[PDB]
Amino acid sequence: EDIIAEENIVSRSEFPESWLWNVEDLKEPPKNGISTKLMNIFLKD
Amino acid sequence: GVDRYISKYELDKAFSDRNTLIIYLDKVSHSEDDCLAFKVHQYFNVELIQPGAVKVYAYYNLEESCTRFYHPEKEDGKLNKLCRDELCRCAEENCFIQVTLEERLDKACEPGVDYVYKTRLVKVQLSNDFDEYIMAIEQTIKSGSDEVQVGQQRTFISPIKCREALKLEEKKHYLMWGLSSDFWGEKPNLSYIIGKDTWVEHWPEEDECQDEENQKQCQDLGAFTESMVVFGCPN
Amino acid sequence: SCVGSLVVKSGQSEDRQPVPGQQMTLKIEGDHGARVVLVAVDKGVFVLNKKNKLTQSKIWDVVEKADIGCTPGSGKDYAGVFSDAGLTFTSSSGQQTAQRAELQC
Amino acid sequence: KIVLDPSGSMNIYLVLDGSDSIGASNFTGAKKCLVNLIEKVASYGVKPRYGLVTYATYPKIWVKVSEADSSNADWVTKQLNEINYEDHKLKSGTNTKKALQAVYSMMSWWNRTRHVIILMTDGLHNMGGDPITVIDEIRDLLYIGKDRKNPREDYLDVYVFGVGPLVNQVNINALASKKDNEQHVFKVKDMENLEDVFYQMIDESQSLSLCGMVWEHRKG
Amino acid sequence: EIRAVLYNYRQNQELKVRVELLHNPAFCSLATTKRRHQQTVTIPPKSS
Amino acid sequence: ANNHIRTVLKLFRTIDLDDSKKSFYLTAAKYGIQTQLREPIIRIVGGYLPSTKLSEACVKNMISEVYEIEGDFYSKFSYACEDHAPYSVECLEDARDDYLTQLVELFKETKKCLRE
Amino acid sequence: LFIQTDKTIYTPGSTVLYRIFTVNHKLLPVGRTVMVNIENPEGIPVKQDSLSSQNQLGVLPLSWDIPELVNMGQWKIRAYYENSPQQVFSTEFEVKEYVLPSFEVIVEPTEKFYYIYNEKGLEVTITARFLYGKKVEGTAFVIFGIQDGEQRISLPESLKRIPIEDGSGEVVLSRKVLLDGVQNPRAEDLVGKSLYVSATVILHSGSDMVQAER
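Residue numbers (UniProt numbering), protein chains in the order written: chain A, 753 to 797; chain B, 1424 to 1521, 1527 to 1663; chain C, 558 to 662; chain D, 260 to 368, 377 to 487; chain E, 846 to 893; chain F, 27 to 142; chain G, 130 to 343.
Simulated from the structure, these hints should not be mistaken for laboratory data.
Backbone N, C-alpha and C fix where the C-beta goes; we use that ideal spot for every residue, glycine too.
Treat the hints with caution; some may be incorrect.
Stated by the list, open to error - Part of the chain F face toward chain E, derived, beta carbon under 7 Å: (1) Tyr57; (2) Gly73; (3) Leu75; (4) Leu118.
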């Protein structure tokens, strides 16, 4: 029938209480003294 | 009623999804048993029912929870398991499964089975929750995870419920095989468990093979083992 | 308020509520040349306990508590006013503030 | 990962399954990758003691480690093409236990000689049982895991290749040793581009001083 | 000429819209009392 | 849309990652591909009227390029993983970032060719 | 020194990550040396470290693993500069048995006090919601206790079983209950004391309960 086979399903494993323990610098050139930096993070499960 | 209160949400859902129920008790008598009862029906009608449990605890605490399991067939409700001393093992399987010859070879050729033993029962011992069978190793049809060790006394373990299903007879030879999930314990006291994943079949002795049906069974088993020992199976 | 300005906001304009396992972009605005640290925690941790959490109010409370004067203006006299304000005024003529010898008033 | 030094004596044992389940198509690939491995490891100038054992039910012994000429790469690599998949036609079993017992007998006698085992089997075995017993016996032979100050875990490294169409990964993973930050199992699709599996296979702890080596993995 | 716009602001679902112009005695279009002016159009999602 | 979903699931059941690789690595890679290259396109292609036809060449390119991407991930797992310990969960967490980034870049590039 | 810890409760066997900020009296990054100590609730230092804030712009990341066999309570982190060992800065986390609850519980009285002569009595509003922004259904438990400094007195007759609907509910304590709960019927004696609300919220599914106290 119209159902996902039980082999294909993959379970959400990562269950962290805390994450994003990162330290980054704001080296992007300033605009009115307010630098802007974009990072691509992936949300935990 | 007085002293008991059930919220309306659990009261207005019908038979659809009322598999979990919560009852609030204002107080429970500390002198006698505050016994309450009601009826439960069956509608979905599925076999292999897991036991259901009740839970009691005060509102101000959660580690003082008394849990009990009830089930119509399992007496006190605990799941049927086999345990020796401290180390335990799961035994939630049927005692056994289920004549011609070709399917015997077809099933014996499977990769799951490793050891095939045609032995003789010497003595039968019973315990609190399991029974013991003494195996006299005569010859090994197909050596498995544990060798026959030339041939000595081997011990069995089976659920105590399975004793009523079938009673093994001492001095009676049997044809049977299992898998690597059978031997249990430490050398040289490994115990082979018998269940759904295993097989049981009685091979009467050559003297007892006199009957015509017994003649057919004995000759079929002899042909099976003669093919197995030398012809093998392409794997 | 902050001496600078640190603001965190989502890069995606509106979109939909993020799905687990889906990416998203964070836009951090701050003064140039500064190093930024980050940390993200589930809110269940905070509902289970929220004491001594780091915040700007605590920082300014500590800074204010670490002051040297403890009198909101005025005083008995010039020496008293100067001592309460947390300074010392010494002149060649001879005028001087009251001597202070205790760390906490 | 492996002991690779011309100044040290190492032992490499090659075993091939004669099971009818694998077929000749994968047997040719196994022979080709074995030839590639022997040619690559021999290219560093080392002359380890080798050995070939092909088994379906009764383990046939082709090359013994005790042979004086066994250190020659040419002899072993031309014995590799001598064997064929059709040699074990009468017996079509997959008795891994008997083959590992034969390896035990061949390795029966030293404390400073590294031993390497490489195996090719689909795992599905009718005859015999779990090869773990013979592995434990061989481990106890070299006195491994018996002293709290001298573990000596770098002398015995076993590898397995999961060559075959229908392969059960549970027993393949169980048979291979699980060490710290090392891999010991591989797949059929490694016949083409042997450099990928070979990069894990060979490490240069002290072989960087010499010259005459080159890597061809597309990953870098 | 006249123009009818069939907007569609759903999710990625596709719509097989059927639009018709009912006859009016005060106009002269292709729709009559017996015959009908029907079209079966398809609107890609988030389009017009 | 029901035939399209069956076609897409049939094409993703053709993926065959060697089981010899690490178990937790295999789960991480499978979860990444399932949540960044299956769920969005399955949702996209489930909103088509049955008349529309699919272009399976784009999904075949999907599979080929995701094989290349996973090969790159496994290469960074051990070879380029100089800073972190080889075959360590921390190294896997380090490389998961650019793995997922290039995967979603693939999906964004390939969305425009689903319908022919 | 500003000790920042990612969480506030840590299960045994889980690592702890804390960053130590170093600033001067002008609130600027400083390069100095920081002594770090971690003290268990009974006051026994367990792990001591030495650091230097040079070449990090006044940020010193750190980590530690809590052993399995530890005494749960109020753990403490103590840090002080080398030149002034007397000046000790503190920041406390705790170690406990917990699993993450699935919903916040907020008890917000209409007024942040209780007028003594208010015949209506204290009114408590329960606002429970799921963490991810969805409303909750279930039943709630409220008990009002009188706190006099370190002495806590409970009121058995104020226990009320209120049903929570759409994440909202109310309960009232009649002034008669407050007067009769304490043995003394005097009114002026109650001035200067305090009340607390110990609300327990339970789902209709019975998954778990959260004890929220104000």
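To see whether the hints hold, each was checked on the structure:
Evaluation of the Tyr57(F) hint against chain E yields a violated restraint, the C-beta minimum of about 23 Å exceeding 7 Å. Hint on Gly73(F) holds. Least Cβ distance to chain E is approximately 4 Å, under the 7 Å limit. Of the supplied interface hints, the one on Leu75(F) holds, with its beta-carbon coming within about 5 Å of a beta-carbon of chain E, less than 7 Å. A hinted interface residue such as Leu118(F) counts as satisfied when its beta carbon comes closer than 7 Å to some beta carbon of chain E; here the least separation is about 33 Å, so the hint is violated.
Checked against the numbered hints given earlier, this structure breaks hints 1, 4; the rest are met.
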